[PDB]
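Take a look at this single chain in structure tokens; it is the form solved without D-MYO-inositol-1,4,5-triphosphate (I3P).
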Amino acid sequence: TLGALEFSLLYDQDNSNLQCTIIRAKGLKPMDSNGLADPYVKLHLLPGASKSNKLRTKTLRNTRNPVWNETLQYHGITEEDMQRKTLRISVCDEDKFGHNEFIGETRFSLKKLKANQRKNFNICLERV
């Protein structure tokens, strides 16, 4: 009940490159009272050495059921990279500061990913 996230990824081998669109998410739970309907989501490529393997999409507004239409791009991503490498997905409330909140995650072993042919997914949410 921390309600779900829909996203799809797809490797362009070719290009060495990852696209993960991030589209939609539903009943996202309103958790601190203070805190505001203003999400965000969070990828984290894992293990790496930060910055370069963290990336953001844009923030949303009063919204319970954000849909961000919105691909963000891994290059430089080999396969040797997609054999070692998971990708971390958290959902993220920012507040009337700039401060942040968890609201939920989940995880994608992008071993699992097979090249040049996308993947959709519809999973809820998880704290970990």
The other form holds:
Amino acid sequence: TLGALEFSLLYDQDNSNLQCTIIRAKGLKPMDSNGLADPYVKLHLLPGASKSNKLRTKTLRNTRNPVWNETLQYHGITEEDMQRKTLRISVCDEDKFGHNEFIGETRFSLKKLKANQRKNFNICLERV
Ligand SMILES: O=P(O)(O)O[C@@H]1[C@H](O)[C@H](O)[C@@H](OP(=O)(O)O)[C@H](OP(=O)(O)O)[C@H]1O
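Please give the corresponding structure for the form deposited with D-MYO-inositol-1,4,5-triphosphate (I3P) bound, as opposed to the form solved without D-MYO-inositol-1,4,5-triphosphate (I3P) shown earlier.
Below is the entire complex, every chain and molecule, led by the chain shown above.
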């Protein structure tokens, strides 16, 4: 009951480009009463040297069913990276002071992606 997340991945291998389209989420769970329903999505490539491994969607306002409809792009992504790394996608609510509450996540092993073949996801978030 944490919510479901919709997204699409495409590895444009010849251009060393991993395109992560964060589409929508449905039924995000209300948590902290002092929090806001201001959801956003964070991407992390693991393992990663921090900083550069992170991308982030826009933050929406007052919604438990956000539609970001946004593509985040990792450039300089090689086959060594696709074989070694995991993409962690986490959904958080931004609070009144710019901090946040973690709702849930999903992970995907990049070696399961075939070059140039888009893969569409509709998964339920989990806590780990
Ligand atoms: O530099 P950016 O573009 O802001 O990207 C931030 C980065 O991905 C952090 O890992 C994340 O921290 P948390 O996972 O702890 O939230 C932060 O969330 P934030 O919006 O709360 O700072 C993101 O905004």
